[PDB]
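Here's a solo chain for you in structure tokens, the form deposited in one PDB entry.
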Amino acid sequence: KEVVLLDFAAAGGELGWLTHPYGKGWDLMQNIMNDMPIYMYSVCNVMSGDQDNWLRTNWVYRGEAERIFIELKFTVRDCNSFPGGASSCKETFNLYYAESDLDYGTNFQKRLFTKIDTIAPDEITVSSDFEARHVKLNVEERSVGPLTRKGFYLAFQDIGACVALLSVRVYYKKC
């Protein structure tokens, strides 16, 4: 019933998402756990101010899809949990999309993106949870459409949160 267009957790870290700026900002992290590779897109520049960190997906061919469903699983760390810890810290990030008939390739083009929503965690990671070695995984879902162009990008803007994306699943529904 759900036809998967993009699946970050399963994609072995090979999608070539684009980050702006450079390599300061969002960072692709890899480890192996339970003899299964594991990917997190992470950023935590909570100390220095004026953070504007963008992450853009590969281009997704829409095909039959007219309404898409974007499921995210992420962690967000408590702004008071930083020994030191700045007044530039935030606990949300922004989700955007862009439709086009054309690949952008490598010029990022934030100006063509439309804001879907502010994404806020139900479960904030606190210093206690590091002690228990247990993960508070937020699950949030948004919907966009109708889509009418050949393809689309998702993008993520961080403005100074300590965020990890574990899962980004994009699908449409066929009945």
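Numbering follows the first chain given and starts at 1. Definition used throughout: the rigid core is the maximal C-alpha set that superposes within 1.5 Å between two forms. Residues that one form lacks are left out of the comparison. What changes on going to the form deposited in another entry:
Rigid-core fit between these two forms: of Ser143, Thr114, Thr148, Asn31, the one residue whose Cα shifts 2 angstroms or more is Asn31.
Identified as moving between these two forms on the superposed core are the stretches 31 to 38, 134 to 137, each made of at least three consecutive residues whose Cα atoms shift by 2 Å or more.
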Given for the second form:
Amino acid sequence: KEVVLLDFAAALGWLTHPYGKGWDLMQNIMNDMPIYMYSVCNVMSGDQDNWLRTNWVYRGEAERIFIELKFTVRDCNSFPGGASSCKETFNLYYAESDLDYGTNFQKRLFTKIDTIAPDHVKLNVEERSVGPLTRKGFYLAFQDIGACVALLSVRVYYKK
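For the form deposited in another entry instead of the form deposited in one PDB entry, what are the coordinates?
Partners and other molecules have been left off, which leaves just the chain.
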């Protein structure tokens, strides 16, 4: 039985560091129900280190969590003239905590789970897992290093 801890597409207050110039919330709030997506596309600028951090998530009885990501990646060749700093990967991180950090964030406190690879707008579904988890809760975070990516769905579950 999959027990869902987090389902982004189904409804957040996610932290972006930097705010504005890094990951950006895309939204349609003009219809019956909202569509939200975080994206980033600083493929020209170099030295990108853009962070997106989920809300705090309760661990409950989970020991191994599964993280399912759906996302687009635009290929670096599709940017005219060359995008020499463009990447087609991004990184998946997490941190455990017995307490809500609120808006406090430091990338150095997070532990890498994996580089996420796609293997001209390419659709992707990737799943990773991590455990054992032991604390009251945890955060996930996404580090962008200069890719052009829209996050469509983030689902975290464990198996009971």
